[PDB]
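First comes the structure, then the notes that go with it.
The other protein chains are all here in position, but one chain of the complex has been omitted.
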Amino acid sequence: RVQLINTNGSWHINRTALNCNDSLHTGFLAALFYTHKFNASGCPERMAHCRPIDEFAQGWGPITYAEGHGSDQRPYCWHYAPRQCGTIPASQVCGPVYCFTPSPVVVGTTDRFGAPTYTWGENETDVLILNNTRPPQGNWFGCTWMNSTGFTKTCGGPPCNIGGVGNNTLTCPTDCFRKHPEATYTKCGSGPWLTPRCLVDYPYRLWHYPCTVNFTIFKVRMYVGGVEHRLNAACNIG
Amino acid sequence: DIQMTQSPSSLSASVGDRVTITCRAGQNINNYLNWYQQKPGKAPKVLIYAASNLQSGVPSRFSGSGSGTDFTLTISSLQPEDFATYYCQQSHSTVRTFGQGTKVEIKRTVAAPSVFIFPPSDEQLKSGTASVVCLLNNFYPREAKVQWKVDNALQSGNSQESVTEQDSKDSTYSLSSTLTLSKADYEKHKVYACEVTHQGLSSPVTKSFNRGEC
Partner (left out) sequence: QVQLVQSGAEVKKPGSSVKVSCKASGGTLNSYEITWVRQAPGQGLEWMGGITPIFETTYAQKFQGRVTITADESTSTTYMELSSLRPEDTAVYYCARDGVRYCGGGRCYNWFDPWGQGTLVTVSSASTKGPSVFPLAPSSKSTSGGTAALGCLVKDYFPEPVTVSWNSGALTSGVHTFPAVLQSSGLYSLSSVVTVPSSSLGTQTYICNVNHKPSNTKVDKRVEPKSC
């Protein structure tokens, strides 16, 4: 973070995929170097698209998992259901990839057989092996990165089916025990969103979720099948 | 600061030809080099970034190459709408430096100027100053020598030349040559002549009027 570009012109972490291309004039790439200069005046409109959890219908019955893959949009909303993580090629990734255990961890670039590689993802065969199963058995709940053209991509889970289907159904990818008493994070968490109003704080949150510069940072406590987790969440309360 | 040298300064090329513009950097700048195109009367727009990457919307005819100190810009097959001045610019230092620029022009068949001379208007003669305008319409190439004679005396110092950019359709130029004398001197002499020498003229063409006749 000290000097994002080292003395030799290159990005300071060479295990980071750095294939960025700001061809749509969104200025997401300048925000990479000046992230506290983010212009927040569009946030009230972008965040108005997300509905609070109390707007959602009560769930019931036993909980199953999400294999539908419906045309969902807007990963910046907490209720976004993602698809399960797989391997993604470095050619489409711009910046560090963080996965959430719920605690944040970075997945450097590797070759297809998992050996580490160190060329900022310029090889067309470099990948980021993000395949996830939910811990304690697995590794992490979900991941979040930025693609070349500047869109927040995210994966993980799969999310949960809490009962009902249609207009106002909540496919829970976080702790939704408000709507289903078994919809805990460990059962249903699929990434950084710890509650409908908290996401995990990590060094690039403000770049991947810039309309959360707003949020207050709370020390929170997560229990994942025994192993106690003490991590920082950025929550929207006021 | 890093000195960028461009080569050449001016270039005339036929349509469909291939044009090679060199930029040489003072020191190693790796590939931190952009190419701007500038049409006259408008701001420059980038066409190639990072030595060799074609900006969006730019025809594949343009192409950049080179790393370190020697950089070239290549237009494979020149087109009528590629007329402009082209600038290279290093982005290796925070203090940005430009090249001297390469203006490119459409070569075409030699064309001869039509020469017209206008005596000064009666209104301007009333003001005390007299301007004689000699006009060369629609010629190529640009090089043209205009020489005013007044009562067979060769003028010097009292005339100013102005030339248009290439014409969009026919690629020709037009020039004006304005000779400026005081009313007292203009009313003194009789024969105002404008002698034009141009490659497309077999002889130097001379346009002449006698003061006071219409």
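General remarks:
Each chain gets a letter, A and B, in the order it is written, and its residues are counted from 1.
One rule holds in what follows: contacts are C-beta pairs under 8 Å (C-beta built on N, C-alpha and C of every residue); 3 or more make two chains touch, one makes a residue touch a chain.
Check A:76, A:78 or A:120 against the missing chain and you find that the one touching it is A:120.
Note that of B:137, B:155 or B:197, the residue touching the chain absent from this view is B:137.
From the options B:7, B:91, B:155 or B:197, the residue with contact to the chain not on display is B:91. Although one chain is not drawn, its touching partners on chain A can still be listed: residues 5, 9-11, 14, 18-22, 25-34, 37-39, 94, 119-120, 122.
Against the chain not displayed here, chain B makes contact via residues 1, 30-32, 34, 36, 38, 43-46, 49-50, 53, 87, 89, 91, 94-98, 100-101, 114, 116-118, 120-121, 123-124, 127, 131, 133, 135, 137, 160-164, 174, 176, 178, 207, 209, 213-214.
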